[PDB]
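What follows is a single chain, given as structure tokens, in the form deposited in one PDB entry.
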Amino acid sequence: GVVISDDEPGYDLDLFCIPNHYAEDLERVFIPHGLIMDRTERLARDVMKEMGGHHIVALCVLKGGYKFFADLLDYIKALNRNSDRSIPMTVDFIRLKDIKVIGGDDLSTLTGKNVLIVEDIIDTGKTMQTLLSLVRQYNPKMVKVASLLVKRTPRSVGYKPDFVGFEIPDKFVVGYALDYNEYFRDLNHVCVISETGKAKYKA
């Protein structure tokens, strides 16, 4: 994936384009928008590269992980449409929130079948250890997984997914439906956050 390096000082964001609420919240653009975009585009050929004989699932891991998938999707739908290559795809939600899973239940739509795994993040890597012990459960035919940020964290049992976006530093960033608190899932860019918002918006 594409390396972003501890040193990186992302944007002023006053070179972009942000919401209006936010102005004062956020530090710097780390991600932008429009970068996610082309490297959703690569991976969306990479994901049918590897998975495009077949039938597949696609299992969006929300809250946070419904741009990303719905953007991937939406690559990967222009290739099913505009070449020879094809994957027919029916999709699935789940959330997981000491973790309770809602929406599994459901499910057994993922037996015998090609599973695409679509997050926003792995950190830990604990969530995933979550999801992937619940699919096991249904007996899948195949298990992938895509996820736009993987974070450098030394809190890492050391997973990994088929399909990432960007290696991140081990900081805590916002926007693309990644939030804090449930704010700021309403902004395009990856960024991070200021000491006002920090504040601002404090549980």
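Numbering follows the first chain given and starts at 1. Heads up, when I say rigid core I mean the largest set of C-alphas that superpose within 1.5 Å between the two forms. What changes on going to the form deposited in another entry:
Once you line up the core between the two forms, the Cα of residue 106 ends up 2 Å or more from where it was.
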The other form holds:
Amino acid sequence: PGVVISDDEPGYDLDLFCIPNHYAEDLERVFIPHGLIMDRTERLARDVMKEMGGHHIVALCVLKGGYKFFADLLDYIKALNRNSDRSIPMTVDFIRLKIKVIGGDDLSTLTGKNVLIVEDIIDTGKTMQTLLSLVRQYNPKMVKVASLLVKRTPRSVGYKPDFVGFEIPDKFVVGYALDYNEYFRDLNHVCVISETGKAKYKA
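For comparison with the form deposited in one PDB entry, produce the structure of the form deposited in another entry.
Shown below: the chain alone.
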């Protein structure tokens, strides 16, 4: 169930960290520091290789929010593979969701393969429910899902990923590729958005 961040977690003062100046007024607190995300991701990579390392893996990135987690998770997986006795090749693909998948290879590349789906965040779990359905029709050897964040919410349809970075409360977070109206993707920490930031970048 990953690293549990409780509802009462204050987070960290912005001034205790290096923060891009253009977002200085737009953030309330640092919620999950970049380095903590790395540490957690290093362990997740090992759990992935343990469960899925026996056969060729197709890593599927869910753009856009998933791009940072995906890149770093794969870098840790690569670090394992070039310092071990045994490994399996990995292929990568990228998709965007619209219950319609856009971009990416013909999903026949997934049959017979060990498919790892990489998301930034699970909320109600409906987005993942639909995607898994589309994927399992192509009869892959195995489908697992890694999500950096899983929200505790009375709206979850019951779905839970196989790999979870952090279990967080239902707050709106940004950073580490997670966005608010396309903003805050260029931020290494996961942070909570300020009220003024929310008004300034509102559409």
